[PDB]
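2 protein chains.
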Amino acid sequence: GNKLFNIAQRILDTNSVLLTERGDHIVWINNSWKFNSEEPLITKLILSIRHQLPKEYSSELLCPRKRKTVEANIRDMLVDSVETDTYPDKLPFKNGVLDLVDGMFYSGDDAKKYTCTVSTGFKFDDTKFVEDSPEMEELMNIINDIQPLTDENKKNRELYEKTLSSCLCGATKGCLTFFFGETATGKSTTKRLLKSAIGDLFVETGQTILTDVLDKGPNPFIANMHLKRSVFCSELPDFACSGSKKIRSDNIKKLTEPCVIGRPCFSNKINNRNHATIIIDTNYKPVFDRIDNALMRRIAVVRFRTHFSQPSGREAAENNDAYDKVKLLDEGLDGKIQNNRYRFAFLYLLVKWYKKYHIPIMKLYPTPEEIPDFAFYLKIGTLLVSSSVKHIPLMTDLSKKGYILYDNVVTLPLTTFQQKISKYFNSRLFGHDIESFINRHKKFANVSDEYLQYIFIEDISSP
Amino acid sequence: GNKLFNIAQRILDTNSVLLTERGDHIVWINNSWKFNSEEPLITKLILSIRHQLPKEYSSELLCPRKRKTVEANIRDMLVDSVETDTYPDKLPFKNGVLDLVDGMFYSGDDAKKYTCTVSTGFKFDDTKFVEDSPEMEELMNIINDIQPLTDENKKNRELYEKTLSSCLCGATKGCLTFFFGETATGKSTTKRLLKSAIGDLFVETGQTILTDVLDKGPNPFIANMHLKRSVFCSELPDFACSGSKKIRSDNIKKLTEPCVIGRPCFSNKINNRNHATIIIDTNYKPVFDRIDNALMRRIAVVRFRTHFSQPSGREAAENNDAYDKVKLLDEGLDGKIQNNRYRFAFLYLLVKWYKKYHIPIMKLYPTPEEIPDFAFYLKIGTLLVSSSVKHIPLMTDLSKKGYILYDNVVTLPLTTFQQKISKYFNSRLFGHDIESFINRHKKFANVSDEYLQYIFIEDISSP
DNA sequence: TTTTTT
Ligand SMILES: Nc1ncnc2c1ncn2[C@@H]1O[C@H](COP(=O)(O)OP(=O)(O)OP(=O)(O)O)[C@@H](O)[C@H]1O
Ligand SMILES: Nc1ncnc2c1ncn2[C@@H]1O[C@H](COP(=O)(O)OP(=O)(O)O)[C@@H](O)[C@H]1O
Ligand SMILES: [Mg+2]
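Chains as they are written, first to last, in the numbering used here: chain A, 137 to 599; chain B, 137 to 599.
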């Protein structure tokens, strides 16, 4: 047969070009998988791999028309599709893949077996990926300044390290984290360090993903989150001001699912794979429209309690309760960070933290006791018990306290209930929470019959 | 071998075509990097560089089809991308790049190593970039008329020199500048001089960005801010009249970050690079919806106090208190400025000021003292200290001062608090400000117990 | 209004 078909067959035999389910062709060039929806990178591969072919086939690949013919043959012979990005414990670079389990770096065919379509965007360097380096001690000093290693801050520092370490994993995560602190506290420095550590796997979007409907019309903000591993949203408005849009809880529930529904402009694709940890940098406590048990299990908070002040205003910052330590700031730090001085030391520290927590299994846990707005419900869980058959026999005491056995179940009137809950809740500050909770569980037998099926745990105890 | 392939390889070896992360190709023609989507700049480059090749190669480049073949080979050879605009201390021109560190001018290949996409839009002239010039004395007279060299105007003068100089640097800035002055004081003269000095690096933008959300829908104003170095906001509406929109503080926070989130029309792009200094010219005191420590750290102000009046109204202007000096009004000055008469003389002054200030490090500092609104918040922080363990052991004396014990913490009743803070603030003007401060830190002990968690320094320090 | 569409 003709030599062009033989060249196409030999190229296909190396498995350097593949077709995905989304309809795009990926090519293995320069030790990386690359694709482009508007430029057919196939011809680049044809020109690049001309050296591996024998001598009599190299000369005919210098003409663009024969390259077009070979690309047409390859497109004809390529029929079926394959799946991509199935290994959550591999970190891809521009010249290889790093294994997070043991720490070796793989290049060439060894890295080809893990079909990763995303990368940091820069080459990995072994010389700078060391522990004993002049930059490392300085980075450790900076980090110990931001998060001191004290017995009081141990628990917060653990969440800090775990949340930062989770950015290397390519799996769905069921919790999003808030970075809370005052001004000049080090939150943006941490953001820029993470950006300079992970490169193109990092992205930041607007706040419209938390207050607006996601699936109405085109929405590039949701679409750009596909296959990313870290998403930052920062500088939320103060909700105390009038006209502020409160955070939608259903958006929070949707953002923790493995697939997110959204559509970019001029597109028909509506599914996006969610691999990104979500970090919200803020200065004020969040406010939600509706609070329920489903929302409280997807929220975590990390505190920042160190101030970096000019010498002129130091004496003022020492009189504030929002700070636990005041230190002079360095003016040249931001320029050093912008030049990627601490890229590989921070990456090495992130991998070292990855071994500590996520090797058995990757999991994030909520911290519902850090939000004041969640206080009302939490202690409600420790004060009331739903009515049951076991409470019927002891009615002798409950009728003494004012309970009524109505339809063979122990019951308490709303009017009888409200003062009883008023003795343990400050009616002035929790005025709205009490009327909120009473109305979603009222039970009315008749126009004049009112009752609620709950029993206090203190009354159930034997006196 | 293929002759056209050899021509393409030799062309590529000169590093005249580059591929960016944006998917665009940039070429080096006429001592400048140019790029655009629908133009065949590559073929222009092949035709232009024809003379650098041996004579057996120059003849073939006269046929358009062979040029298309060479372009195809070149496009197939370019696989990797490169960074652009990484030097903040360079001033790109149409025919070269000027280094601000030493002052001498590069051209040719020397200017190629700085991949600067933007340019001033005009041609540099060596002869006109001279100090001893008869235009220089006129420019110096105008500048000294706007900002006199008096002792009481020393510090302000320095600020006036710094901000303009910051227009040369290509880095990010974290402060906002207000050009506050009454009518006919020289603000637009400085704006026009700066525009004539820098060319297309200048941009003028309306007040929509200050008062409206930037992440909702498309926003063309953010799109063209990319890689600009000077942004002016002119004709700020008066806020005393009803219906005026208050300035958003979150917009101020978002305008000082290295990356600004915004989307141009008909596009999916969401990221931009912020390299511009923003100057707002107004005739009235600005007002902000919310005032916090974060906002008063990103604001600077410089004053204009010299008035230009026609001789008819001099009697009206010489007695006004808002002015300091009155001068003759020159009608022909407007004629000279838009003729680009002082294009290079002002540039020399800008470079001199850049050597005076920004050689060690580029930094802009805020001036929160000169704002009528911020003084209320500034003063309170210097008379109140939050209670802690240190102020506990003085338990006895503070009881005689009206302070009340609660939860083993010193507290001050609100009723005891209003008279004492009214000793420094009269309620007729700062009543709303006082109440706005109160609501933030208001804490409740009982249904009728009103108190604050602060202690006065004057009430604890011995007289 | 703007993606839409050309
Ligand atoms: N370890 C450190 N030592 C000295 N200075 C530091 C250190 N870490 C950070 N800084 C500096 O302190 C300042 C803190 O600014 P940064 O933007 O990080 O704070 P922030 O709390 O995130 O601010 P904001 O929320 O208001 O944007 C910066 O100038 C930063 O360079
Ligand atoms: N040094 C000067 N000597 C004389 N006239 C001046 C001088 N500087 C500015 N002017 C006059 O001021 C006018 C422009 O003022 P402008 O910058 O618009 O003030 P404002 O910005 O306060 O409105 C010009 O018509 C010019 O004639
Ligand atoms: Mg910050």
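No lab work stands behind these hints: they were computed from the structure.
Heads up, a few of these hints could be off.
According to the in silico footprint, chain B covers these stretches of chain A (three or more CB under 8 Å from chain B) [unchecked claim]:
(1) 190-202
(2) 333-342
(3) 446-457
A virtual CB, placed ideally from N, CA and C, is assigned to each residue, including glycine.
Hints, one by one, checked against the model:
1. 190-202: holds (count 4)
2. 333-342: Holds: 3 residues of the segment 333-342 of chain A have a Cβ under 8 Å from chain B.
3. 446-457: It holds, with 4 qualifying residues against the three required.
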